[PDB]
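Shown next as structure tokens: one chain only, the form solved without coenzyme A (COA).
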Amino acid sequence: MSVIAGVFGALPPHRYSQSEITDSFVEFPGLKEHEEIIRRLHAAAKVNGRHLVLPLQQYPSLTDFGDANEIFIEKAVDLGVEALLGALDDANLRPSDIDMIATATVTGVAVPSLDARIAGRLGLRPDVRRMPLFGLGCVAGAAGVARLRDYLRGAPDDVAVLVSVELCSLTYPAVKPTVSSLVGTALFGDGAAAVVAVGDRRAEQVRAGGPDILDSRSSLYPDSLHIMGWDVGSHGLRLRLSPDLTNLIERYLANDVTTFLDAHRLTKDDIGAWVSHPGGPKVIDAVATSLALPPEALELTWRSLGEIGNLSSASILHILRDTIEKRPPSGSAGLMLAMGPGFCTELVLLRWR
């Protein structure tokens, strides 16, 4: 039941327009033959830009999972300590201060994990507690905040941090011109995010500013492991994405947000700030649709989607910051809502103050 003190988003210095990404992408070896679907898909995404970790003309030559994953380890680390520092400074705090650190990626594999590495680089205390969260995916933005709270609930003098870093570009080695992967090449970008939360008691001493994390609720939809995730093989991390995903949302997401809110004597009309994860236009439309929501509401999410792409688990944090920035109106409540492999969902109840 504890309170965010800092949010920060980092991203590769190379921003490319979507048309530039496409104009070039179609000219990639073995792709020109699928120009038509590529153009349409990259234009269907409502993504105007994307930071990439490498120069755009280097991906065509990135084809070994072994190479790309070493690039990941080198590259994820540095965006992370950049994102952590940004948040620690937002929170008027220092590395020594951190008692636990959760790490979220689904986009490369690292052992020892990112947190160990980011712990080495920032000089965090040797006895920092490490929670490297893998295989949660796009929902680890909301889920990562949850495990944070769950931790500070029973440790109110404490400082916990969540670093999300997803470098989708580097999964290229396993991208072939089939619909799922191509949907992938239309939406996903590279980015990092960090959140610094603190105890209620600790909150008053370092004057936290973010809202509080009041409650959470996971929701794991059954018989639906296939809806998304990775097929993992010698060629890297192969994006598995199903069309059935929007269907599941519309038929159950209303139910979830109703039971989570009710348990707080609340209706969907009290939440004065939504922070929703942008899986892509049809997903953002389905959720707007299911929850009977006017467009004012998900506006920061479409605008984040247009500006940085889909960043997996880092997006919601980027949007989280976007809305924090726009200071709602003191007392109001808010609702993170993320979804990812499972298939599953995550709602975080938030109060601003």
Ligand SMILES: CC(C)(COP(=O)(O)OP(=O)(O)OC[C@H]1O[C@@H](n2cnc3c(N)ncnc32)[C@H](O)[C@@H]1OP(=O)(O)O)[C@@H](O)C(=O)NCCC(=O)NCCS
The other form holds:
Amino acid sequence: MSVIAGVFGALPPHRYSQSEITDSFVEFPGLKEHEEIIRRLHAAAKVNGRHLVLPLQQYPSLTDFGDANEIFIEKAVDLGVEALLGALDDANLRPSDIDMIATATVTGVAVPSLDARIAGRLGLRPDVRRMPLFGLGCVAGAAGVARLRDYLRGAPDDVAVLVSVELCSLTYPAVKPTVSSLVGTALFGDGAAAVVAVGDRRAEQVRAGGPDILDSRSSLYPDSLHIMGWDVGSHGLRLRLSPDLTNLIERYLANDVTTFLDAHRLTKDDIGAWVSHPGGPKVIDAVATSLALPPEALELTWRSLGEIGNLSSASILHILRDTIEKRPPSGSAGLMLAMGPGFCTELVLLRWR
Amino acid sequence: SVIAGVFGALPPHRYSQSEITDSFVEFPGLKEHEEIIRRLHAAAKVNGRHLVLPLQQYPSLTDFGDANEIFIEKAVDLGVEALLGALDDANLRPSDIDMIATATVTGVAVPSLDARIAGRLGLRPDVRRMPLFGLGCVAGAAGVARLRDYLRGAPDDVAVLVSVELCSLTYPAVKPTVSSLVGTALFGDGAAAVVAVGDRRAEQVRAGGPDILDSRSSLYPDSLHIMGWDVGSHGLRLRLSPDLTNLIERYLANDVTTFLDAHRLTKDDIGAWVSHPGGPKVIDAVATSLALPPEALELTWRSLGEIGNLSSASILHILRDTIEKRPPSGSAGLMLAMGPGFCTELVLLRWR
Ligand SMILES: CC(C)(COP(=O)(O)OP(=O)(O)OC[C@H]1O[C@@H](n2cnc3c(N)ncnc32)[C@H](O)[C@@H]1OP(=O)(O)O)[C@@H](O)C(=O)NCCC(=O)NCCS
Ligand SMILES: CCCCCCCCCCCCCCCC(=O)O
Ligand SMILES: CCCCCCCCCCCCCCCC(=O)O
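Given the form solved without coenzyme A (COA), corresponding form solved in complex with coenzyme A (COA):
All chains and molecules follow, beginning with the one already shown.
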């Protein structure tokens, strides 16, 4: 039932244009023959630029899972601590204040987990509570925020942090010129984000200025395991992405949104600010359509998609910060809407201050 | 909050340690390490383990892609078996579950096991999911702690923890190094589940098992190298450092004194010790650092011999053993696990 005190985004310094990425990409080994479909997919992606953890031309040398995942660990901890620290300072808080840290990634395999490494780097208390969320994927931005409330609900004086870090480009060893993988090369970029939330009694104490987290609802769809996820192997984390995904949103999302807003005696028109995960144009349109939304409602997520691509779990937290910068009217409601491997959906009710 | 059911599940393929060792030395390329292996396997004080696969199939499990696929299918089966068995113990149903947390470190699944388990068992579509990956051997205890944290903010709810560890399935990664060989002497397969309910739900549901009073985590400084995964083309390769036991002997007493002082308790106030069986040298160091009678640790020594090291799942099998022996009402119990971090987790229980 708590309150956000800090949101912060972090990106790798290497920034490229989509056209720059596409032009060099079609010149990679194995790939020139597929230039036509690559150019089409990358144009259709509605992404104009992406940040990457490695120099663009380093990727043809990134063939080994072991190398990729080791670079993942090094670079993910970096970005994660940069994201967290930015969030702490936005929240006028500091590492020793954190009672619990959550960590969301679907894009590398880290044991000891990321939270353990970030905790060691930023000097959080040895008794900090660790929640390593792996395999929630694109939904983990909303889901991590929900889990933070679930913690702070039972701890009103407490501070809890979520750090999302997604380095999609490092899954390159698993990438080959098949359609689904290539779709991936069109949308996904790298980035990280951190949310610092505080308990209700701690909220007055630290002048927590962000939105109130009022409630959440998970929604898991039957017989939809195959829709999204990885097919993990020796060449690494290989994307699975069915075309059927968009259809599932169109038939069931309106239902899940209306069933949830009802329980608060609100309807979707009472929502003053939408914060939706930017999966891709067809997806964003789908949630626009099925929810009968004006095109202004999802503008920030279209723009985030455009500027930095799809960041998996971190995207919705970037778009969340963008809307916090926008300063919606006080007392008005907001709704986080994320979806990913499951197939599932996550709704988080917000109240703007 | 308060535990309502604890249930372990194992593969039906069970083999004596000697069955295993004999077969193992004849595997591809480990004929010239017969001596070191036989020494390692005999000194593990494991007498048998459950394998999720036929013992003869392992020589063919050379591909990480193969092994992980088999992981996913076998792990949802075992996990479902444990939840069902803990649900039955609680006399509760799949529809009662408000939050499922899953712990594994032996396979990589997206979507996660909780996704797949919820599907197979028909949990509510609005069930809260908390897949935990990379806690390793601490997750059996740290999982119970996460449940108590959830149920403290939701005292009317039901939260479960399913721990599934299929360690044998990491065979693609093992080679004749001391580290990997030690792991092939120690680790077994199996699963376990815990059902727990909020305080306001405890009466209405007649929750049998122990209250969950508190927990403390302890993340040691500059200790990444102690335990973890070397991830690569061949899958998940064991990273296990000699300095582990000396870490315990140096810092374990501090961790537990610090925790118990916050409740003004002494080591003698603890009626039941529920510790992870990380092998003989680890169990010795727990006893030694905490000056415990050979009595106090016997239930985990027993688990180690019968079933082997099940990663996060072992401590829950032992929690079921301690419960079924019924400690005296109102007496205190301490779960004590350790995993990659390096970290340590303590959970304080009160019994019935
Ligand atoms: C990737 C994307 C930007 C490109 O779309 P686009 O160029 O208009 O192309 P279309 O979707 O109209 O589909 C046309 C073709 O691409 C194929 N295609 C699109 N997405 C595909 C996928 N995920 N897997 C396999 N094929 C796919 C179609 O099957 C079709 O092939 P065909 O002409 O031979 O029949 C768009 O499909 C999209 O937004 N996908 C959603 C991404 C997603 O699922 N994100 C999940 C995060 S929640
Ligand atoms: C050509 C250089 C850049 C390549 C950039 C994209 C590399 C990765 C492609 C697959 C991305 C998958 C992201 C999946 C997130 C999820 O499953 O939730
Ligand atoms: C004939 C083979 C029998 C089975 C041999 C299985 C050997 C498994 C070795 C690796 C176990 C790894 C457990 C790691 C737990 C953790 O991450 O803390």
